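Only one chain is given next, in structure tokens, and it is the form solved without ligand COA.
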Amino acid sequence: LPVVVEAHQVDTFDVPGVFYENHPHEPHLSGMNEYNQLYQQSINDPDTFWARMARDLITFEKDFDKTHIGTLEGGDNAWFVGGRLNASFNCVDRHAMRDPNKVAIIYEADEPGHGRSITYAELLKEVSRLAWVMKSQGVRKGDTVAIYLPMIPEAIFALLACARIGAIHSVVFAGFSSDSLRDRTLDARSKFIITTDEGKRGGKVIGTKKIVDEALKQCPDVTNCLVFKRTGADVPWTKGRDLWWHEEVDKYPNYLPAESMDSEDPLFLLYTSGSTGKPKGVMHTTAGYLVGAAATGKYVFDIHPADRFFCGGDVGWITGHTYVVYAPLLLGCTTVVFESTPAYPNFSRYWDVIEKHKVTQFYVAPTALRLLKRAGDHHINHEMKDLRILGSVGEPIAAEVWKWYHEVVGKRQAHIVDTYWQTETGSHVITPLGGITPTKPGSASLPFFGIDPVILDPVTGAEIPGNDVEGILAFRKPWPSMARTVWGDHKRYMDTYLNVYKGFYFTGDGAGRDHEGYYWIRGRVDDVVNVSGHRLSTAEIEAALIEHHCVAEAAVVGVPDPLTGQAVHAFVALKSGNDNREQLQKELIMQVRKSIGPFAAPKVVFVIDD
């Protein structure tokens, strides 16, 4: 009967009472009244609200002159202008100064019972001497550095060492093919790459150095490749280009100065798939991105310095950027770097890790939850006494999965926080606040501070006022962690995000706002599909399928899937005939695996006449 049909007869759920009784500290907010007061200030007077938030959470070398200049339509937004700071100083130095022996990183290795814990002082040493390696090899402020690493603590060392010297890290998910790594390394114009000899995940060997070698044959500007010895396997070696991480860092001091950066110096590039064209290098700058990361870590995930935060996302994606690395380290707590899968050695692994390390917040994709729920509740039998926040990201956590997460995983003692955001927003933008916001199963709830959502008519672009409305999700105002450009193509950034509905930021998602103002995310309205947590471009996959000599035309679509959220399905029209039609279906799948990576392979390729 309502316009937003998903909300029909869905009541809110309060934060469990025991959450407050068992809390080691207390929430950073007194309740929803204070959220509403701070939220209104963040919209009505963002100059005052964000200046105080930034000065609360981020240590500047030089205080900023003005909170924000520019406009959405101008595509000229700048935050904390005139400030100077360094991201590695805020993630590492200031904490090592105060509490050097506090654990910063818990490394959980692919095999249980391995791994190690890393203090803030140890982190400062490893970041410093890795930064010395890059500096000695000629990396300078403003250079991009390609990173092709699995989930080991050396990945955090690498991001933060780039930030320490003002280089711009460009992390490439270690499941990408050599073609995909090559394309991102070329576009970023990186001259330095960091990788492993091999990766280990779920007991399986990933031949990272071999993949890198293949990519670098076509990246002539890459003059050094720093290799971390993860497995010790014999790998191909290029004298004069390749260097061993362990050999190089032993040469250099255990401390390096931090480079003084402008608030608006680029911090990183993250190549992201869009509705049209090759992946775009989404650029985040420094102060605004860090402010958003710290602000959401604090108020969304209820992070306090003593906490042990565990995000299951990969450093290759924005979730790992913001919530494995930047947010928890900015706030000075402990973060978990998890090398394995939730199924290795068995389906208990996530809970084994949470129980061993006394994790307080866990951040998961619903695809992983559905896999585990299907495996059966006998794999979950873990006290997990400290687990009080259960975050979810990537798609709506639907009622059946929500209930399982709340009751079986959380024992009705944790607050489930469904966080809506995207690579381009830097940090959470519509989400409940942990320990504060009442929630609805399947809803992202309410906007974060500084986020002013509107629902637009898809055709006319007109704003649809009031509640129980549906349409396009857009934001009316800039926010600190917004992506600042697409690398090398500001015009595409303008045309993609800011020129579609002038005066607004276009998310590419549909949404409903229900009778109580709660937001229900409908998903992408463009040709972007989200498959097992992977943001994929159907146009990219079609182009991959066309690379096959038999295929003339290709069409790929995303369809609902009970486990992967959505499944990509591909249709091809052949140029002639193929008596090995079942055999062609294998070559087409391998073609996508070569062009993009295993994770992008279509479930099936249908060969049709027209």
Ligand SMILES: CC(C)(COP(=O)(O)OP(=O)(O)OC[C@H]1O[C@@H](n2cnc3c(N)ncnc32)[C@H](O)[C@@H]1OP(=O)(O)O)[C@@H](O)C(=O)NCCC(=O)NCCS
Second form
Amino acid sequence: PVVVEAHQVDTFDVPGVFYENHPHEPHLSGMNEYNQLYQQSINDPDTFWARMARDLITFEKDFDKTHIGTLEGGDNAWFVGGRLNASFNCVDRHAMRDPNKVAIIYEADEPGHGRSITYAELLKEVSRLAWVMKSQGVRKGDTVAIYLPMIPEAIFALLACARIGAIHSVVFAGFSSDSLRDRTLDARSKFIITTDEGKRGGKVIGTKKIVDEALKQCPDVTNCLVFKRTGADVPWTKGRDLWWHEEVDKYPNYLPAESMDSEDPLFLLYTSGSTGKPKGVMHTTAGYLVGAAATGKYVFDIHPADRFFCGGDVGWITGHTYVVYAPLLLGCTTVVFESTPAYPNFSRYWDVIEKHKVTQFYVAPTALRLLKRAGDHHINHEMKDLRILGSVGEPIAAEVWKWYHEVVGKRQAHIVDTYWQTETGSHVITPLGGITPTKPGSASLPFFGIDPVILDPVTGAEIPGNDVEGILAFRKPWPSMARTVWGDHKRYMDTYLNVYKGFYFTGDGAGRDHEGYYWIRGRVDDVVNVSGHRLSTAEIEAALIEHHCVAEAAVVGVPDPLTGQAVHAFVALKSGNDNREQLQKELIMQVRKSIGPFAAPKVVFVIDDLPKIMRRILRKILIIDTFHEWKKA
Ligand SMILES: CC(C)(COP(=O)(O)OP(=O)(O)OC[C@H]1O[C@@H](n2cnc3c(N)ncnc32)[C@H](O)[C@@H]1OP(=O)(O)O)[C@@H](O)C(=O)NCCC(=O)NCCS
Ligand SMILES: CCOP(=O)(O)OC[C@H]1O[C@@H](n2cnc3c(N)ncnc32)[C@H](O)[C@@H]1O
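I would like to compare: after the form solved without ligand COA, may I see the structure of the form solved in complex with ligand COA?
Starting with the chain above, the whole complex follows.
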């Protein structure tokens, strides 16, 4: 058995109770209609995607052609000639039909302190925030830096940017001032939106102070709009800082939506890679939205009356596509969850799902492991409407898949392990909720329009048939594919499209078993996934070298029972300090300062010299004889 994971792995059918309890009708009649539609999406994408786009997205001007360009040309364009606006499709068209339908359920950090926001209320808040940016000089095509925690104002900000055709560039609120600065400079943003403070798990995040530090080196930022989240006294810079609540009160509660081209940029999302600084992955407008709506509908079985709850942060692509764009495009309710799965206690996810009658839940296996370690007594909730259990970031493995399926889902929900990445925009290999039979540990089958191949890692040759393993690549473009790396299309080409010419390179290894099901093996480059966070080891090495006592640095990923992988750092010193215990703390702090707390290495080892650097020798072990003794200590 070449794909060793799939050996004697039975395939599980969709639970019968899923159909009998379903509030509506499934979007597909069964696996046969999936197969028909899938073959059409590969053999005639021009027809398949034109119909899908006209089903799901309201265009101001119809498009002339479904797709032009090729993978090797790096010139792909989708729905060319079309015009539309993302905020119109997420807000206006739903407010017009059903103004009092709840668009957003805000669950605050403290339980009992949220609110519900209707589509009409959302149109007001998006409109008047867009008025603020317009009045302060933001124009179509400008980037806007967003440094916000998980509050509904974050949705207001993304959609207000989209409404005027500004390009939002969301920076995860766990990033340091250095990381925020680098992203604001590269994007050349002149406007930033933040909070006075964030509250997460009962802890205060000093967002305004972090922004102040970053802006000292962003001289082109001329306004900082501050949302009063906590009311605490924060430093204030007159002439630059503005209060969200003071400014929006000045402006009307409606604003026209800017007419955007299908291929106008919608957002940038800075993303860590195998080498170099983070890349501003750029998504344009029509194709991204089509993919978001298509996966939201067919993967997550989203219907307009649903209450969809993605547990991912707006700072990441999961938050972009499935907290914001997909559910709002489809017109359902989305949950914005400010807290952690552990605050006030380990029942929190289920408290929220029960109070709001959540129908689909989307989670990371790290959170599941963390909760399973806490004990099954924290779960004692009916959650009658919960029929889809989504998982992302790493394979949800046997022990966790069983615990997610039995203890959380009561054998009534369909577990959908969705494989994708920032660069694909939306799900690309995934079961379809309520339709696709699954296997624990497997992402199952390609989504519509996704033509995956397994490549020999060295020769680059395609390996045909089933029970094969190698490099995961896609053979054809798809609507929501990232279109460039901001300011560096050559890097985009070299990273994704010139490695295996004619294919799109995922950076992941994979196996395709006897049934054609995919088994994601993980990154083949120097990217590690820690608590669902995509980290570059080269970035962490660069951060450690910023320390005055560090000469060389080597960072590797090692398996971790809770976080999947954990980053361990090896450092060689420049001259020799007599404070090695204290030096380790300053090294840890250096990474927390250069990147952010969440990227900190678990341990920083000090060696005389390092093994180009043979990182493979370090990853297996966790002067070759000396490091084995140094580790064994
Ligand atoms: C599982 C999870 C909830 C754990 O949260 P946690 O209790 O903060 O633990 P973490 O290991 O992530 O955090 C480590 C550090 O990052 C920081 N951090 C994490 N998330 C943060 C955020 N949203 N804002 C600010 N800081 C954050 C913590 O405060 C902590 O800092 P500290 O060293 O000063 O204590 C979080 O890691 C997570 O969401 N992982 C999943 C990512 C993902 O794949 N989401 C998609 C799901 S659909
Ligand atoms: C959506 C977050 O996208 P990113 O933060 O850009 O990380 C994307 C990288 O995470 C990994 N990955 C994501 N989903 C899965 C999964 N279901 N099974 C296995 N691995 C997965 C993979 O290595 C990919 O290349």
